[PDB]
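Only one chain comes next, encoded as structure tokens, the form deposited in one PDB entry.
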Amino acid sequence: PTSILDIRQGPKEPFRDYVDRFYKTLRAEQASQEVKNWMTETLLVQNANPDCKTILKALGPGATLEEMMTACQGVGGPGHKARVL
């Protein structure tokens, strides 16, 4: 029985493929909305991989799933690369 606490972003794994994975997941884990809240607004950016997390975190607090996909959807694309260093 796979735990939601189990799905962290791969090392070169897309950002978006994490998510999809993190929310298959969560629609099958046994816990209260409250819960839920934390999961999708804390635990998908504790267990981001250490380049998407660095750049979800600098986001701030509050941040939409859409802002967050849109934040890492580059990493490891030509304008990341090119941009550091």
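So that the term is clear: the rigid core is the largest set of C-alpha atoms that superpose within 1.5 Å between two forms. Residue numbers count along the first chain shown, from 1. First, how it differs from the form deposited in another entry.
- After superposing the rigid core, the C-alpha of residue 54 moves by less than 2 Å between these two forms.
- Comparing the forms between these two forms on their rigid core, the Cα displacement of residue 42 stays under 2 Å.
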Second form
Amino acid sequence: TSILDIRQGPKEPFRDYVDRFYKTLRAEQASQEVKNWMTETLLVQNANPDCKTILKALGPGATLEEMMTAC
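Based on the form deposited in one PDB entry presented above, generate the structure block for the form deposited in another entry.
One chain, no partners, no other molecules: that is all that follows.
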């Protein structure tokens, strides 16, 4: 579970970050249920300071489209 090392670059676009996050989860064969928990957690925690602050402001329970918009 190297998912821990998938972090958002300082100037990396959230989109690019999201692509590499979910590609890693596929490899690690995560179930849709695992994919749900990781989005509410790890996706949010491994993002850059700004996005992480915006996503943490959106609240627990935001759709991926909401998070993208926010960043």
